[PDB]
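Let's start with one chain on its own, the form solved without this ligand, as structure tokens.
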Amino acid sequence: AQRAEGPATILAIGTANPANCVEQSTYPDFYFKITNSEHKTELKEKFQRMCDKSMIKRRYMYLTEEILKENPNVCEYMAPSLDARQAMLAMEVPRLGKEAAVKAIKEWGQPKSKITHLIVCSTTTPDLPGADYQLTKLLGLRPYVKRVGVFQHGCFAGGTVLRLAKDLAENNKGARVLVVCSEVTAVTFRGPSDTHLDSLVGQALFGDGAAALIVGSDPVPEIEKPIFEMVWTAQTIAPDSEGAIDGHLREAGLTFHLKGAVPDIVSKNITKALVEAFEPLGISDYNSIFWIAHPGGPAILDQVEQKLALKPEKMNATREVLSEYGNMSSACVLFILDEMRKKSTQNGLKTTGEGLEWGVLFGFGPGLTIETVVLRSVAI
């Protein structure tokens, strides 16, 4: 009587962001000023076009004007600054993650002493113990909670944590898994450089945020309220994409090397992933399922939409999150699930999935990995 009976189900969702709201319209002037680069006028025009095409209205950042003034080495492009950044991360990642987790637990409505497993995900973690240990302490969870830390996986990790939570919940009766994704740009922020150009795109897209979930099989009637059910999962590496998205954790912090073929590679490989997931269910109409896609950038969304001839409405929840929060790495897809279920309830639809039955969630990231998670909605 140790294994569970039904499908792993999402029972709650909560999110959080740093208090500092940064409007995109005025970021270019701010960015080039704080990094003492107002004189490279031309390079500011390149960044100007990147922000105008980003389709982002605002982002939230732990890094404030004061903190940047406190750390000149972080404002240069490549200066020794890892130690300073690790200190910021050791405090903020767990704090922001706790804020989101508290809201998820409140929605769930059960004692925190009932949480049996914990999965914590962040692009990087500064020490040993990892962030999972820190969050266990800050939330006051059972000392014997089973922990798993997911670090340096990157932008596709929203799918990864769902994939892990599914097996932990389904193979253990009574198991209730707290999942937390917390991302903070203190590890990636740096000054502009007309040489390292691709590093510039991250400064125009990346933002801060955290999202938490409670996942479990065999929901208790009325006491717990299902939102979405997980059905099948997969992970794969796109062919001829090595180096498409690289990252290096060094003494100058974390630097990225993402080329311009990214949008092309993702969209060209999206069809195979969909067939692998839905052909077994006899589903061929991709406008008949609800969508959740990691908004790595606007181009990825435009080409997937064009490639499959999706109605513009399919990418709505995804584009709404990109517009109001920017690219929060692993946390994005979880924010999108929240936006979709809230919007559906708001407009009086019949299911948490915009009134539809089946859906799909995609994570995209380093090693040009594509994570796929098939979902099913819940009535009303």
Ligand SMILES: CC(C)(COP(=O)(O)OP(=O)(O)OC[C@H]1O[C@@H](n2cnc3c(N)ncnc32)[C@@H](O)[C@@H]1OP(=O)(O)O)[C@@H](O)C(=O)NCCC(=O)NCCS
The other form holds:
2 protein chains.
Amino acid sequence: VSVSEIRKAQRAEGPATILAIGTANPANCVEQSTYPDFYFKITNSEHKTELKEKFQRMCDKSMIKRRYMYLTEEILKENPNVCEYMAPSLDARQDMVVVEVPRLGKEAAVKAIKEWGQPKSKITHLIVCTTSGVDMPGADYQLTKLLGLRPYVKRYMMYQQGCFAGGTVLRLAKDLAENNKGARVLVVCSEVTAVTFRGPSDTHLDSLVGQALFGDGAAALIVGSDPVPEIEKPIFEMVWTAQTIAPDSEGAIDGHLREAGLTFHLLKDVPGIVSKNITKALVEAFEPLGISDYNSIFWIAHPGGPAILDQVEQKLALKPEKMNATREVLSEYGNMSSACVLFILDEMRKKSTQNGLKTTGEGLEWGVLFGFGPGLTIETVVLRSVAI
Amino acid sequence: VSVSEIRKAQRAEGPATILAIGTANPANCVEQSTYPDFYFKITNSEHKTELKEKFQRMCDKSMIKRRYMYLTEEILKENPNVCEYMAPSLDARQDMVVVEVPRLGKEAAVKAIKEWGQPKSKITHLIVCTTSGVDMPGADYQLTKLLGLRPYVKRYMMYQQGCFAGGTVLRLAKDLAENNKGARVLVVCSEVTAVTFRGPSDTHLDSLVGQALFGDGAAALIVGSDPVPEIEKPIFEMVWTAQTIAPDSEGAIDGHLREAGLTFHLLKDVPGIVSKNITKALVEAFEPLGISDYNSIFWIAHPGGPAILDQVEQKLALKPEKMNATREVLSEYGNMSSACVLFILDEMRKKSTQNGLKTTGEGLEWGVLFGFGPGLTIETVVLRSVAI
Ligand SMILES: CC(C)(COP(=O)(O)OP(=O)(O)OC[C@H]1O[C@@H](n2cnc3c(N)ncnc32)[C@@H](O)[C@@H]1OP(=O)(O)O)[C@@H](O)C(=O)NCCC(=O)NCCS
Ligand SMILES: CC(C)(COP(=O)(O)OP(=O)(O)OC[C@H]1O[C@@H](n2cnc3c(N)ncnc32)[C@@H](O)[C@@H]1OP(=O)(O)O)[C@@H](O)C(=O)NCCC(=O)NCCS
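Next block: the form solved in complex with this ligand, after the form solved without this ligand:
Full complex below, order starting with the chain above.
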């Protein structure tokens, strides 16, 4: 037997392509304007007057209008442990998210599969990504069962990844699709803040920042190489990827999964680190392609908070409009961790089509997607848009 | 710009190849013959006379002679919580394994890199796999730092995977190496039983079975396509992979990460499920290659326990020698979860070379590697040996 012949026949020929995008969120919509009042009340912390004032400034500057949350007043009233800053509560939190992560991911996946339009029996690979909870068999098994995928779908269960992992799943799906003829990858990012929610403490102000920014959501993609002309419909193509660890960033974003749930720390200036290192990321990605005008490409940036976006825009002299799609997702959903960047791709291609632009990438040809998270890690994905 | 030209120039040409293997284990070597005495004593359970008798029969039938364990008598005496069947103890367990998983994985990785012989700056991708503990940034970040890999190594952090994931990491490394020209993937599986160790309970006999079988260890590989002739040295080639979920197996192997650590359940007949489904796995893998004599291929099977191996051997009428390398690893190290299958590949190629056989696969051309674990999941990797 010829392994050379097997290899040539086994592999795909064209670039990995996003062929569908679907999203979902918990039904509970929580307004940001009044969240400090809600949160200081539900956590029994109304006596902490200056801390609450601080939180209201964090929420007012967050540029978030609303977030969708699995957690409700009723669930929180049944779980005082979760409402404390640091109380034993992982078992209760796990019980929530081992069910809600695949439930929410299913909703997003059904929408992506409907848009794709092909039989779900043609899904060959499944990537599931979450930072909320872990279990064995994982959320990947659960979504296989919930969706009725083939039992021999090839699964990639990405746990405890953090906010950069919307880029990670794309980087992974690219190789799965491109190296395997006919492969169709279902990608699901599903993030639920019930493992990180906790009450406020005035010696842990970084923890408080997470309470102002993180919200819930799932996004699903279909990714494949060699799309079938006029049966499947390309939305974006992936061309190149990178992942790197920024220098001088040790401990900038840390999270520990403990008996009290998932903790969150920020020990460094994350917006400054991102903005000091983003140019190197762009020249690695775009100098080989001959492009150096970063306003000439379309942008997707993980909105870890608005300060990251503001400082990158300032560093690079981006026109304010470059970040429009990103900021619209931050505004209507908050920081959904790994899923966020995928919601921004959906926003971008939907507005570009609805408004009669020439490409799904705001009428531009090349684009970039960035994930930012623990490490400090930067994920880069170079994208090409599709005409109309 | 031509994306077709970029894609063609970006990709590798030959099959993903294992180019180095290194292993490591905790220094504490625990004899199996006397483990029931040690374990019932350290867990304060000497009054449970019939349960202890049961455990000694489990250990005597386990076909394990010894295991390496991070946990020592002294560590256990400082952590009575861990010695209880079910007490709050995840924070202590995490603190152990967030450090020991990357420490142990580093030792294995340094040996693999030494054998490979190339600059570690040529490692482009890093896969880290563990079922013990989680953290943010993960064990992948920690090993990047501990080894001094390039900060732009592309990382794949595989958490809470379970016993099939030695096959999963190979399935993943295959696509990374084959789709990326020049890519060299460092693969590290590192498993430490401090998250699952717990005392005995007579209404949780499945939990007790894990206490008899699981041991600690790490294995590291270098995987790449297009090896540089006579600079790099191929050991095994990967040709095809699959993953499937066995029918009628819901709940057969479950593990929940809780405030009391990682629990372990067996609610179905795992050896019977594996042996009823292994033939279908083999015909999917080997009928396309024209082979149907399963004694004519070399074998690597995850030794989840000896009964799996015995019942597969019986089902297929394997000659007793087929499972020799697998059983030798079970005997000297026990069930090291994801790392086990990689220790068996090392055992197999070392004995094949030491004993002057014609190929690294016991003198045979084609081989199969199986991972078994939660789902019930079966991972299949079709291998080709290398001459001498
Ligand atoms: C939080 C945020 C929206 C506030 O907007 P802002 O323009 O920076 O506003 P201000 O300077 O007026 O301060 C807002 C509150 O942020 C706080 N804050 C932000 N990051 C914090 C951290 N690293 N530690 C402590 N406090 C933090 C306070 O420090 C400050 O309250 P105060 O100055 O009135 O006491 C903005 O800091 C942000 O987007 N930070 C995100 C950084 C990031 O790490 N995101 C990664 C998530 S993984
Ligand atoms: C555990 C093992 C080594 C014992 O060898 P054995 O040949 O089966 O021996 P025996 O039939 O004499 O019994 C051994 C002890 O295993 C126990 N045992 C094994 N699996 C158990 C489970 N599913 N639930 C309850 N008890 C279990 C007892 O039931 C039995 O003690 P007893 O019969 O004297 O009360 C063998 O059962 C094994 O390899 N099982 C592995 C199955 C597996 O699930 N591994 C997956 C790990 S993820």
